[PDB]
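Enquirer: Take a look at the letters that make up each chain.
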Amino acid sequence: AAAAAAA
Amino acid sequence: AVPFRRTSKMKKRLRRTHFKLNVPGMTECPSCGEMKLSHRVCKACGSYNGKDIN
Amino acid sequence: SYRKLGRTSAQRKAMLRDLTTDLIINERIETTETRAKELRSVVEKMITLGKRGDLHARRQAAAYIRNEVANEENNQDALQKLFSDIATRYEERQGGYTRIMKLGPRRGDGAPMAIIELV
Amino acid sequence: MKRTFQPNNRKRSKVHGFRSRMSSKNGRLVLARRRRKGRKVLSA
Amino acid sequence: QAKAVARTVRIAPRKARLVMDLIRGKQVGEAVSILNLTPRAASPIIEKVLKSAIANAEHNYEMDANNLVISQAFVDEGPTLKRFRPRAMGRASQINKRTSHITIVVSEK
RNA sequence: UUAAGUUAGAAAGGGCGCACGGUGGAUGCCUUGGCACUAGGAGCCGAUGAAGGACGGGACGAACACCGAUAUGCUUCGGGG
RNA sequence: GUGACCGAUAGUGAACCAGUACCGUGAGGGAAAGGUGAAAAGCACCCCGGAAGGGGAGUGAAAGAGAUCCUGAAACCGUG
RNA sequence: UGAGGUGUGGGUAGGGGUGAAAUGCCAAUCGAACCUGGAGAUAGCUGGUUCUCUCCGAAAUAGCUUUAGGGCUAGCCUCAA
RNA sequence: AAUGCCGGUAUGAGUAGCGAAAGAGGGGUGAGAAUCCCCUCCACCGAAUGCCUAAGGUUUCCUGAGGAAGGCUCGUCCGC
RNA sequence: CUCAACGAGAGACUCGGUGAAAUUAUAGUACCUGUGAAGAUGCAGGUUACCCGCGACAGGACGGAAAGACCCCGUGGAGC
RNA sequence: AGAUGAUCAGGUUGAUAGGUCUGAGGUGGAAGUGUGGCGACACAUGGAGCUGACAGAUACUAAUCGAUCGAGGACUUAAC
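Protein chains in written order, with my numbering: chain A, 1 to 7; chain B, 1001 to 1054; chain C, 2001 to 2119; chain D, 3001 to 3044; chain E, 4001 to 4109.
Treat the hints as calculated values from the structure; they're not laboratory data. Note that CB positions come from ideal geometry on N, CA and C, so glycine has one too. Among the clues, some could well be false.
Straight-line alpha carbon distances no greater than 20 Å define the calculated EDC-like cross-link-like pairs of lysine to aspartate or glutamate that follow [what the hints assert, rightly or not]:
1. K2004/C / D2018/C
2. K1012/B / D4076/E
3. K1043/B / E2030/C
4. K1009/B / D4076/E
5. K1043/B / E1028/B
6. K1043/B / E4047/E
7. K1043/B / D2109/C
8. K1012/B / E4108/E
9. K4051/E / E1034/B
10. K4026/E / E4108/E
11. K4026/E / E1028/B
12. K2051/C / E2092/C
13. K1051/B / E2117/C
14. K2102/C / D1052/B
15. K1043/B / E2117/C
16. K4026/E / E1034/B
17. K2102/C / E2030/C
18. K1043/B / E2033/C
19. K1051/B / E2030/C
20. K2013/C / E2092/C
21. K1009/B / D4021/E
Here are the simulated distance ranges between beta carbons [as the list claims (entries may be wrong)]:
22. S2009/C / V4105/E: 50 to 58 Å
23. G4090/E / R2066/C: 48 to 56 Å
24. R2007/C / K4097/E: 32 to 40 Å
25. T3004/D / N2026/C: 55 to 63 Å
26. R2007/C / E1028/B: 37 to 45 Å
27. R2012/C / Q4027/E: 42 to 50 Å
28. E2068/C / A4041/E: 30 to 38 Å
From the derived model, a few chain C residues whose C-beta atoms are all more than 12 Å from chain E [as the list claims (entries may be wrong)]:
29. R2028
30. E2044
31. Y2090
32. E2092
Using the sequences plus the hints, can you model the full thing?
Expert: Put into structure tokens, the structure is as follows:
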């Protein structure tokens, strides 16, 4: 996936 | 926006070369002194060319 | 170009009217230097309005002078003071009714202060 | 906003009070562990 | 030679060095008048230390203060008072209330 | 004096070494307290009101300890000067 | 009464007003913090300073011993 | 003006409650709240493992394995008789 | 040498920030005033940014001194 | 937007007062072409470059922040 | 000209800025008085009044007194 959704 | 390496002492001192501040334009007051910065009323005697105007 | 002095235009007008009237009563005030430079032209323009002495110049000056008492136990307003004392005092002099004398910097903010006086 | 702790002394004394814990053996064991550790405040 | 030490007055040392680097090496008659006009509000504290040193030269040794000159003008650091400033999202950043030792030594030229 | 060459010194500030200081509580001494046990004793206190607390009591300001409107205490019997 | 047990980051969490301060509604979690000198003899008095803090003069064996106060390292900050 | 908002006093407690149903909420915590114990759970996994010198010195192969980055025995190393 | 624990101190750096929204002048105190007090203008809220009264806090209320630390600056002022 | 141009206020800029944080092996920290754990500020060859700052931009430092969430493994777990 | 430095025009044998006067441009017929109307309003005085940075005159005001930096010129060779 490699989704950049860092919180 | 994050420092990669810490600044060394010598680089910090080289950057602080121009951080110093200058001597003001201070001159002899003709009434009493000493001394009086240029183009301002003297804080001691309250005179300016040359009346006591406070 | 005139200065903005860090204020809104309405605040600029109100502060300039306050400083002009306060210079007109107390005859010597101590402000910052740039406020003095912005104030002196307005003050000599209002003295020039007081020079004419007619009703229209007085009604022009009434739109700028705030309603504070000038002379105690006489009930004299500032607007009467322009047309009674200042205009008769500066009848011969053509301009240059104020001078600015600089003081040292202020303690709290380093602001260069100045003495304003009617001469 | 409205946070978690909304203080009320009656609710505090009704839920965490001395007589609430003395009314069951569970709170009696709570007070026994409180006395055994030596805490100055035994209950709310 | 006379010496006056401030010893834990509330001023950061880096701000005191900005005056002390230029006051160093001058005659004491041309040193108070520098401090009066800078303004740099650590300079009243440096003035107090300087007048203390000149008075210690006049009273304890009689060194004829019109001939004095500043010899040693080092600034040291005192103990730091630790304060905490609340930030966004509960960060609790640290604030250092710095403290300096101001030392002025006067002597003959 | 000209022309062509060759060198030193330059420090706004900095580097290294040395000297003199400040911050700090590591180290070294050092216990006022702890940790294991040994030889003995003691192993229960309470409706004749327990364990534990709150509130108070000193000429004097708050707290620890002590005491309980007889309140920083009160008797009797011994020790001691 | 004894340790081929510890010595203040160790040893009980706690050598110090410690299950205290503080955190949590609550059950509960839970610190940091010893050392002047033999004797306070704790710097009378003078000067600068509003005071704090200094420099002399005294007490002290030592004042660089002066209230987190024995010795005082290094990181760090400075002056030549 | 209503399947309305809101105050006070109460009730339902975790293999549970509550849910006009989202795996939502139950003290900034939720496909199973928090605290204390079993408990120093276990980890074929990752990281770390503190003074010096001398002598000798590998392997990354085979077989088997719920075995494939683990293990056991052979192969290779070292010391003694 | 554990994204180790505790304590101290740097780098970033005299950098970001100093937290909605009007101040100006003249007198007073004071060692020190843009920030404290008084006066005169000007401005803001005004189904509130006004009055009181719960829950809650608990002395924060008043007077006289004080300014170390806390007022994200100063301070002669304060809910210190 | 074609296609952007002015004006007002707050920050940014200067001065006075106060003053952090993420990060950080040491660092006197150029470019091109190659080489190399196969994508170099530090290696090789060459080309350039007096020392120290201030205001801006963000291409790189496989930038920082979270022992990748995807994929696989564990004879790990949990929910259905 | 410009964030700040810097640059440029100038510092009392002088027009650098402000004020004053006269103009350019802008806006459009100020206040007061009088006339007509019951009045809202219109007309005359009057291209009036007002005018921020645009010009030209004018030292009336501020560019005061002052202070700081700044070289005594190395040696050979051919003619002087």
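Enquirer: Next step is simple, just say for each hint if it's right about the structure.
Expert: Hints, verified against the model:
1. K2004/C / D2018/C: holds (16 Å)
2. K1012/B / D4076/E: Holds, at roughly 19 Å.
3. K1043/B / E2030/C: holds (14 Å)
4. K1009/B / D4076/E: Satisfied, since the Cα-Cα distance of roughly 18 Å is no more than 20 Å.
5. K1043/B / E1028/B: holds (13 Å)
6. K1043/B / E4047/E: holds (17 Å)
7. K1043/B / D2109/C: holds (18 Å)
8. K1012/B / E4108/E: violated (35 Å)
9. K4051/E / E1034/B: holds (15 Å)
10. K4026/E / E4108/E: holds (12 Å)
11. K4026/E / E1028/B: Distance ~17 Å between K4026/E and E1028/B Cα, so the pair holds.
12. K2051/C / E2092/C: holds (10 Å)
13. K1051/B / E2117/C: Within the cut-off at roughly 14 Å; holds.
14. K2102/C / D1052/B: Holds, at roughly 14 Å.
15. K1043/B / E2117/C: holds (18 Å)
16. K4026/E / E1034/B: Given pair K4026/E, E1034/B holds - Cα atoms ~15 Å apart, limit 20 Å.
17. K2102/C / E2030/C: holds (10 Å)
18. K1043/B / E2033/C: Within the cut-off at roughly 17 Å; holds.
19. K1051/B / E2030/C: Roughly 18 Å separates the two Cα atoms, so the pair holds.
20. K2013/C / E2092/C: With Cα atoms ~30 Å apart, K2013/C and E2092/C exceed 20 Å; violated.
21. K1009/B / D4021/E: Holds. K1009/B to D4021/E sits at ~19 Å (cutoff 20 Å).
22. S2009/C / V4105/E: 50 to 58 Å: Once the Cβ atoms are compared, 56 Å apart, the range 50 to 58 Å for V4105/E and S2009/C holds.
23. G4090/E / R2066/C: 48 to 56 Å: holds (50 Å)
24. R2007/C / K4097/E: 32 to 40 Å: holds (35 Å)
25. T3004/D / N2026/C: 55 to 63 Å: For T3004/D and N2026/C the Cβ distance comes to about 59 Å; the hint holds.
26. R2007/C / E1028/B: 37 to 45 Å: holds (39 Å)
27. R2012/C / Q4027/E: 42 to 50 Å: holds (48 Å)
28. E2068/C / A4041/E: 30 to 38 Å: holds (36 Å)
29. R2028: holds (24 Å)
30. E2044: Answer for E2044/C: holds, closest chain E Cβ roughly 32 Å.
31. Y2090: holds (36 Å)
32. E2092: holds (39 Å)
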